[PDB]
Amino acid sequence: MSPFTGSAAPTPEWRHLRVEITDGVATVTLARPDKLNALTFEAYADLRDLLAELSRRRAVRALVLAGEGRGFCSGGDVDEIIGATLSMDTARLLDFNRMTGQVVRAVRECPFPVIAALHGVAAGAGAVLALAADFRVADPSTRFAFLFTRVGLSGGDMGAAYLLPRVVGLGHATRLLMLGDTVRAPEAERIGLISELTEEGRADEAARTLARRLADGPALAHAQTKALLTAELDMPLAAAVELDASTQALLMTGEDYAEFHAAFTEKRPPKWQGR
Amino acid sequence: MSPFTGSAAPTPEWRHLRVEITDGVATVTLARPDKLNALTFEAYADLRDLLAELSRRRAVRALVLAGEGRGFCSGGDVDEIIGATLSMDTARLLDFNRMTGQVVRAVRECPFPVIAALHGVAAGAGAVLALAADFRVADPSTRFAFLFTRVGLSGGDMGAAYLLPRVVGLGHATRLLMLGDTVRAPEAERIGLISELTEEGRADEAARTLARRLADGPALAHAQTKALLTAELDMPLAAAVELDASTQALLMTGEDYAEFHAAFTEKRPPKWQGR
Amino acid sequence: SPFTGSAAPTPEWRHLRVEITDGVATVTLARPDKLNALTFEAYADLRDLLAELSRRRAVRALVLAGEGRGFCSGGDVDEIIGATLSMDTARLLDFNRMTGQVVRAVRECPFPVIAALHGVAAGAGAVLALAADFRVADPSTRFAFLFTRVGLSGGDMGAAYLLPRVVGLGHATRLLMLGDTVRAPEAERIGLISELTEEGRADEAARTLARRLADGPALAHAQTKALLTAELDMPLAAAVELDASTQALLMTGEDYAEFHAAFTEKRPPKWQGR
Ligand SMILES: [Zn+2]
Ligand SMILES: [Zn+2]
Numbered sequence: 001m002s003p004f005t006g007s008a009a010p011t012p013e014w015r016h017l018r019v020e021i022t023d024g025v026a027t028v029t030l031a032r033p034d035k036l037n038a039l040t041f042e043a044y045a046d047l048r049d050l051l052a053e054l055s056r057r058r059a060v061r062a063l064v065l066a067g068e069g070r071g072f073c074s075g076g077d078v079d080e081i082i083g084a085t086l087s088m089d090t091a092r093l094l095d096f097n098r099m100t101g102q103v104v105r106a107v108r109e110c111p112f113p114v115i116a117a118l119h120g121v122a123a124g125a126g127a128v129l130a131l132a133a134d135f136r137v138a139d140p141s142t143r144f145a146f147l148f149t150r151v152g153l154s155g156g157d158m159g160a161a162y163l164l165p166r167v168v169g170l171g172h173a174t175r176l177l178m179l180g181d182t183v184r185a186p187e188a189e190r191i192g193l194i195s196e197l198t199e200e201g202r203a204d205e206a207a208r209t210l211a212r213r214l215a216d217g218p219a220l221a222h223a224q225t226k227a228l229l230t231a232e233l234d235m236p237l238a239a240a241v242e243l244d245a246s247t248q249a250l251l252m253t254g255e256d257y258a259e260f261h262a263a264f265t266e267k268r269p270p271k272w273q274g275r
Numbered sequence: 001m002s003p004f005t006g007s008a009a010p011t012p013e014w015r016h017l018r019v020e021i022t023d024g025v026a027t028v029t030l031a032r033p034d035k036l037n038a039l040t041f042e043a044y045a046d047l048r049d050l051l052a053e054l055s056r057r058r059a060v061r062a063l064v065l066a067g068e069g070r071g072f073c074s075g076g077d078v079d080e081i082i083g084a085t086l087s088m089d090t091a092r093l094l095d096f097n098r099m100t101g102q103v104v105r106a107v108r109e110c111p112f113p114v115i116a117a118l119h120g121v122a123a124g125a126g127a128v129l130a131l132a133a134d135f136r137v138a139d140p141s142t143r144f145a146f147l148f149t150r151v152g153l154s155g156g157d158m159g160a161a162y163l164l165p166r167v168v169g170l171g172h173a174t175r176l177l178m179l180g181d182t183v184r185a186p187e188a189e190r191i192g193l194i195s196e197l198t199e200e201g202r203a204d205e206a207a208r209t210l211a212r213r214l215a216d217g218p219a220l221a222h223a224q225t226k227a228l229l230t231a232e233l234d235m236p237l238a239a240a241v242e243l244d245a246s247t248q249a250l251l252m253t254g255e256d257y258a259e260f261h262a263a264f265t266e267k268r269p270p271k272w273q274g275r
Numbered sequence: 002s003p004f005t006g007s008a009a010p011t012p013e014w015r016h017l018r019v020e021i022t023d024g025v026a027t028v029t030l031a032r033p034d035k036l037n038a039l040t041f042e043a044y045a046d047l048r049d050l051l052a053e054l055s056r057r058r059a060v061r062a063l064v065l066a067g068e069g070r071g072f073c074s075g076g077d078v079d080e081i082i083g084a085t086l087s088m089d090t091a092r093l094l095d096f097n098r099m100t101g102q103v104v105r106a107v108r109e110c111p112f113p114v115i116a117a118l119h120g121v122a123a124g125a126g127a128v129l130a131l132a133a134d135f136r137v138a139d140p141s142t143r144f145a146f147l148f149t150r151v152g153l154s155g156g157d158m159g160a161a162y163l164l165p166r167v168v169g170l171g172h173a174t175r176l177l178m179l180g181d182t183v184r185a186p187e188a189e190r191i192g193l194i195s196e197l198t199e200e201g202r203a204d205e206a207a208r209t210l211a212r213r214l215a216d217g218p219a220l221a222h223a224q225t226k227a228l229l230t231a232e233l234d235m236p237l238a239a240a241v242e243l244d245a246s247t248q249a250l251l252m253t254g255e256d257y258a259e260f261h262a263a264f265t266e267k268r269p270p271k272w273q274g275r
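Residue numbers (the authors' numbering), protein chains in the order written: chain A, 1 to 275; chain C, 1 to 275; chain B, 2 to 275.
One chain only, chain A, in its complex shape:
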């Protein structure tokens, strides 16, 4: 845990999503299965604020993002978001779109791996949240749809036009984002959108197993792996090797690197501490 806290206290209760933490693994289950977990303004606000809170306290070592019911997440609620935005002032339109983009950025920047447990529909914001995760663990019913243009918006929504070509290549990104057609599991797997394909109904269990695998590993090493992937997407080669050099040298002063060698020489399992 991080000692760098001040006047601000942790939120006692998260009302717009379900948050459970066990042994360093957070599980965030989207609310509203009867609506395919369609997101509201308040759910975005809780995503933003929860991630900021977990990040500043270095609270967990892995996070699973899940949805109950018939699918993962259908995106923003058509009445509670879209209908409401039709009567918002200019500043509040900008604030809403900035908030969703900073949710995706917060997923990309939080000091622990994020795993999306996917099944049925992941559409609109649901598909971008999945895309921002470090891992997508998906069952065969999983259907992505980047369908912003179908509501008259651009496919550059909350980072999708930045992330998608970096995951699947520019030719596939353009097709997916401009036409908004459904991408079923086999195509998704072929083009690079799936980290682990599971058996039908097993996505949540496999996501939990992957989370625990990561949480059992060297946390600082994992978190810095994510940090360097993310930063170096936006850096030139010469700068990337400077960040690598600094980071690897720092980690070589850590307990975990020393423990690897001690365990290796003593022919036993390493016991990681994440420092």
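In case anyone wonders, no lab produced these hints; they're calculated from the structure. It is possible that some hints are incorrect.
Here are the simulated EDC-like pairs of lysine to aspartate or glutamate, each with C-alpha atoms no more than 20 Å apart in a straight line [claimed, not checked]: (1) A/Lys267 / B/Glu20; (2) B/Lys267 / C/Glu80; (3) C/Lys271 / A/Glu196; (4) C/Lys267 / A/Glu80; (5) B/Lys271 / C/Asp181; (6) A/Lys267 / B/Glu80; (7) B/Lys267 / C/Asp79; (8) B/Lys267 / C/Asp77; (9) A/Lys267 / B/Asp77; (10) C/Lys35 / B/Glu266; (11) C/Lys267 / A/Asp77.
Add chains C and B with the ligands to chain A, keeping to what the hints say.
This is chains C and B with the ligands only, laid out in the frame that chain A set:
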């Protein structure tokens, strides 16, 4: 379209390529099936000048790039291009190579989607033109050859070294550009070069159908999807979400977004206007 | 290239095997018994050799190979890891800078680099292969980016920059974070393999590819690599400027002119690399 015209008038007749516009869709057909549609200096000049004139008046909602005869385009005419360049002065050599790269840039930047209808060979410049398009609609005879090195020039010609790795990955791009070997339809599909694979002989019809599909949709949403994809290839994550935020907020003030919600509430199809 | 000064070429390379024939350099990693595990001195030789070969433009292609049961298992657990555990801050930084500089030097060589893969390619072995322009691999090839297995991050010596640009961010995150083995079929599917050979034929296929490249127009090949590498880090408008200058320049070269001469008279072009 766009009222922002001044003293400059539209070109009445395009002489070095065939241009046809029907109901917001431009079809540009390369001339010279006899010569495998090899590109002349004037053909490049007409591409440059037509895209500029289509762009500055937002004239169309989609553009198909096509080639008659046995194949899409064999590249630069060997007698008419290479032979001529061998007696050019230093400023003209630079002018020529600037113009070709400009053409590719203009394809990436024009405010409407561009579709390449591919069959037979797309080689050299013809391969790069196809690569720059937003969609590549290809029948099974389609071949790509990025074969600049075969003529003693570098494979990073007119933007190929920039675009190809962002479409197929750095490993594949290196191999394609350094060796210049033919890529046939199955490999092209595998590595991400093909947007839609058609039956033999159906590429032009399928491209037309796709263009009409795009032209029937919300044109401003499509255009911004392309602009954001293009710009965000060259931006960091934090900047990308600021561009997404301004753009989406802007589109939420548009008629097409409002019409999506109106259509939804009356359970009817949206009638898009592109504003 | 004639641009040499007080500094003389290194007479003998003790920490790897270096053989040059008709413009092709073959670099064979030492220590086949230890799966060619790297020492500090092996890294130093890679750095210093690549710098010599580059400043002289001595070679038109370079093959990176390893003998024994596998390509390269990475840094030596005793001679590197063991040693690093008692190093001071400055030397820890120095070491990790050196490894990244070797990878950068591979990306910046003015000739193509080809990795001849088979068996295990792990840790630095995986990243060295990743940095090569071509990966020529037989079906036994197994990649493992296993830095996190030793408590270090997957952003070792450029891996976090290179891998997503080769296989996509989703695959790169998986590979670098879990460090699981990637066998040949998967490697092929995700874009890590340039040419898949039959068992035991990687070194031969690599030799053949190197010669194919050394037989071609060398300036065109080198600039192809230079532009690919630079343009990964440049925006589109700047990339077409670099292409413009470069193509204009190569159009003043002998090879381009030779091509028109040749292709005209239906005789094969005879390249000169200028
Ligand atoms: Zn990519
Ligand atoms: Zn980039």
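Margin query: Against the 20 Å threshold, does the CA-CA distance of A/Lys267 and B/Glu80 hold or violate the hint?
Written below: holds, 18 Å
Holds or violated: are the alpha carbons of C/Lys267 and A/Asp77 at most 20 Å from each other? holds, 16 Å
Check: Quick one, are B/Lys267 and C/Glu80 close enough, alpha carbons at most 20 Å?
Finding: holds, 17 Å
Item checked: Given pair status - C/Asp181, B/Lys271, alpha carbons within 20 Å -> Distance of about 19 Å is within 20 Å: holds.
Next pair to validate is B/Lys267 with C/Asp77; report whether the Cα-Cα distance is within 20 Å.
holds, 16 Å
Below or equal to 20 Å on CA atoms is what counts here, so check C/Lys271 against A/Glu196. Answer violated: C/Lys271 to A/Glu196 is near 40 Å, above 20 Å.
Next item on the list: Mind checking the alpha carbons of C/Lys35 and B/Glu266 for me, to see if they're no more than 20 Å apart?
Entry: At roughly 19 Å apart (the allowed maximum being 20 Å), B/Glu266 and C/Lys35 satisfy the hint.
Between the alpha carbons of A/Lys267 and B/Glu20, is the straight-line distance 20 Å or under?
violated, 39 Å
Between A/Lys267 and B/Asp77, does the CA-CA distance stay at or below 20 Å? Status holds; Cα separation ~16 Å.
Subject >> Pairwise hint evaluation, A/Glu80 against C/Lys267, where the allowed Cα distance is 20 Å at most >> reply: The given pair, whose Cα atoms are some 17 Å apart, holds under the 20 Å limit.
* Please work out if B/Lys267 and C/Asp79 have their alpha carbons no farther apart than 20 Å. => Status holds; Cα separation ~14 Å.
Checked against the numbered hints given earlier, this structure breaks hints 1, 3; the rest are met.
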